[PDB]
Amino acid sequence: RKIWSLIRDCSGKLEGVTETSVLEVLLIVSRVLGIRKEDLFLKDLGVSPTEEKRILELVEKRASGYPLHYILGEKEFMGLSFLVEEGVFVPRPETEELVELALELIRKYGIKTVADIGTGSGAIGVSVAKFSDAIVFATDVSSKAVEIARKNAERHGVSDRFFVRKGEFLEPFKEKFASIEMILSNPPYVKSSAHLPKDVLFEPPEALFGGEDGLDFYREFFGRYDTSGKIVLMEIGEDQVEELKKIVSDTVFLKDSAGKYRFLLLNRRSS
């Protein structure tokens, strides 16, 4: 009944799932009481019996290794709140740095037309539209990614400059291909073998795995599309540089904050 001993006993159940258990319980509590992270600092009290069971239910869930932001319904990315749900890849902080590089190439070159392949929640394309004048054409294989990328564009007021269509690669936007000046993606780039079948996966496997190699996506993309006149900027795996060089030579690779190779960049824009 007293909320802080609930917080303290819950935090211990999440010990083996996260480094920040008190925080996750604070976020879950807030999510269930429908209150604000910030307004949890009432020194005595605040919790009903239905509310109590609910929190313990979600805490047991989280203890199984189920993603926190699925429970929260939301993930913060580039300072914006993206809705997420079971069935959508949850945006990662690493990807922020792709967006900042993208915005900087838009600023330098006066780019008006961008694509986001594999848009998921809309994280890249929506942020790009929110913070530039560019129009963004986005795709995904998943109906749930499409529906949610749409609602996130609406949520951040860029439904007029961010358009999502179900399909693979840029197949649904064939008629726009010539006008597209920059193609961005954070594609599935994980090896099929990095998943031991004993371990649970809570995110959609089409969002994570690029065949045995981890490179299927890049092989098919760079075999199917002529990128003359275009800039391609895509998140990659850690150990994938040398093998990528064999798929698309001419590429530059960029290190992230943490000092490792995370993005490929193929600038074939003319003068």
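Numbering follows the first chain given and starts at 1. Think of the rigid core as the biggest set of C-alphas that the two forms share within 1.5 Å after superposition. Compared with the form deposited in another entry:
Core-based superposition between these two forms leaves all of 238, 212, 44, 242 but one with CA shifts under 2 Å; the exception is 44. With a cut-off of 2 Å and the rigid core superposed, residue 194 has a Cα displacement that falls short of the cut-off between these two forms.
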Second form
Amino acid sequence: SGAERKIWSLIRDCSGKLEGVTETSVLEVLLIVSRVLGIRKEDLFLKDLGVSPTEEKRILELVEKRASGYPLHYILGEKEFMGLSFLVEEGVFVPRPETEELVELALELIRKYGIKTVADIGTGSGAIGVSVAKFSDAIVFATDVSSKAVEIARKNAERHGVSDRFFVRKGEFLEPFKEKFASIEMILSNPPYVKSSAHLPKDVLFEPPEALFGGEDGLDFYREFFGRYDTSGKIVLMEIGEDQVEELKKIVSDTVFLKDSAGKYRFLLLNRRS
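Having seen the form deposited in one PDB entry, could you give me the form deposited in another entry?
No partner chains or extra molecules come along with it, only the chain itself.
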């Protein structure tokens, strides 16, 4: 099985070079390898699938890069979220698995109350907003303080054919959409909620810091948002940090807290849609 070995021997060596950086070293290597050969994952099994000395060196270089902690998805240029391919790159936060659960709850709520207008603060790549626009009929108003996030969220909205229902503007909270505030029925968000003093793992070291830190508390976004806006008549669903429930209850009243599929508190839900 001439070529069958070689590629799989290579796969294993690389996998070994990545452990200590990721528990899913084999998966990552498979992804890096198919990306460099220009084939879909599935074709990694094709008989007589070859790797030239150039493609081999490229793979070793990308593996050496990933070994430094650099994000796998920055290397891939994309991250799958809700089954959709979101373009990502340096300067943009990479969508996380827990945020998918926030979107599924948002969709269930949109179905339930026949909601038509949604907001996505801190849209980043557009993960939450674009997905909502993709699997519902709602229109979405998104914002981000990052110029780079706005341009990327636009591309991602266009990429999935929802540019007609997903609008993003640069700025903080909902300031760029003052004229639409009254009309917004649901406000979603996965804001920066990491404590200033929190230790950053090697890979998050490469993500935008403005996407992570929420002050000493890691609650600055919540305090300022709930302090400045009137949530009357609206529904607010936001992702939070495992240990912020008690402190959050003192920032916004009548709030409900739901947990992950991992059993950790992950979402705050305020329903003032009387």
